[PDB]
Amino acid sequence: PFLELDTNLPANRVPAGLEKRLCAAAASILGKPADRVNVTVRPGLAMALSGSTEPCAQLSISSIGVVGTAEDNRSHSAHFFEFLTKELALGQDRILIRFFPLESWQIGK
């Protein structure tokens, strides 16, 4: 799958190596091999969540066909909130997690 973290924390305030810890974190949370787990982090963005530009993070999780059941997604979101709140020092109320399906994806070679 694919994890995209957008945050309005600057880069110098986003921990180093987050991209790989996050990567390992997802694999064990989702029941994916970490060789299938692809992570993009984009910091220093301008964001408003609930009409507030206080520090916040948005995590998009994309997969082929179906990303998960409504029940499996809530349960997985819980573990994602536990992890990012510790990693970023944000309140859980400042973390969003969206899901969308993809049509396909190919790695080269």
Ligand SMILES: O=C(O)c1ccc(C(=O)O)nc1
Second form
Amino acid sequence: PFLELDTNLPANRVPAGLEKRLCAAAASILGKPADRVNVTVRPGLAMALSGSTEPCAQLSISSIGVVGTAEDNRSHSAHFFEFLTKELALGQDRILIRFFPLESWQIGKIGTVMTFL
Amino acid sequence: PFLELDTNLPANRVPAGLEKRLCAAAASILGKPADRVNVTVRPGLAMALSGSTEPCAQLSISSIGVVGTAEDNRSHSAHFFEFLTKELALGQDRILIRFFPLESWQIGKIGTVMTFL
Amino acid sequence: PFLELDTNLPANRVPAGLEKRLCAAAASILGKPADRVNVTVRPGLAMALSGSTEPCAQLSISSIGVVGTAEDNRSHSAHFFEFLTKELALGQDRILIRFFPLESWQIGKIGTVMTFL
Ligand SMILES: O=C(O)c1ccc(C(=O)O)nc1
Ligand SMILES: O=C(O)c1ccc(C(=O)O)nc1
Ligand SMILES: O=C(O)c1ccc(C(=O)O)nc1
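Got the form solved without the named molecule; could you also share the form solved in complex with the named molecule?
Every component of the complex follows; first up is the chain already shown.
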């Protein structure tokens, strides 16, 4: 899975090791191995969420097969909100998630695409 | 109900009173009175969870009738996770639960088995 | 949470399963488990809302901890209006909400009160 987390929390208000703990969390939530989880955290940004500049965070989640239905994404959302509200000390009104299905021909790995691996 | 909690948190990082609070919580969650709840806490163990020796806990829950279905246990799990995350200051990736149905002929109580009470 | 919805819509103009979908929405909005959400719908009543007998609904919401501030209730209101206007086919002017904090000693469950659970 590919996870990108944008936040207006400064780096020194994002707990040490979050990018590693999000690999374990995404592995369990999405049912793919932790060694196939990719996380990017971009702290210190200027953000408004629901019109408000109080501390907040945005997560994008991309994967083949498992983020393409409302019913699957409902379950995924519940678990990611539980994890991130606690880690970032944010209320559930201060986080939003977007889910993006991917296909194998879009993923460039070791100089080819996943279609040929 | 019968609850057994193993943790690699030392005893002095397990909050005082956890046993009676877990009796009350198990009454709320499983529906059987607090005075029928049995709790065993084993702290200071050497543990790995998901391959990692960071602080963690395992809970076993055994009961007649109420821990035997996926839909029952999904609900029970959500509540026991919320209870333990708060009490032990652990993330939900650092807790696992196992559920075990029991029958009356397996429970020895006051020198007989529950079949005869 | 405890939700009570009065409406002058006849029962056959309240969509089938509304009490179930409002349960799930209220769990999300209030940040409480769905197996702790209670919904009561009372249709076919004689009602005036804002002085008018046109189709309308009144919602009451009661919960520990999460319905006691203006800022929290503004957030909750926005989501409940978005849900109910669509489900009941009512304009924003035809719904009102009241929020009521509860305490643990007020809630009777399994023959005791939540103070002891
Ligand atoms: O090879 C990549 O790391 C990779 C490729 C695919 C997926 C995925 O579908 O989630 N995740 C990671
Ligand atoms: O008498 C015991 O304490 C007892 C016996 C049975 C059960 C139970 O099925 O949950 N719990 C407790
Ligand atoms: O455990 C009960 O069912 C319960 C307890 C509390 C609340 C509540 O605060 O809204 N709702 C339900």
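Under this definition, the rigid core comprises the largest set of C-alpha atoms superposing within 1.5 Å between the forms. Numbering follows the first chain given and starts at 1.
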* Structure fact -> With the core superposed between these two forms, a CA shift of at least 2 Å among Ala48, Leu45, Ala78, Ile64 belongs only to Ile64
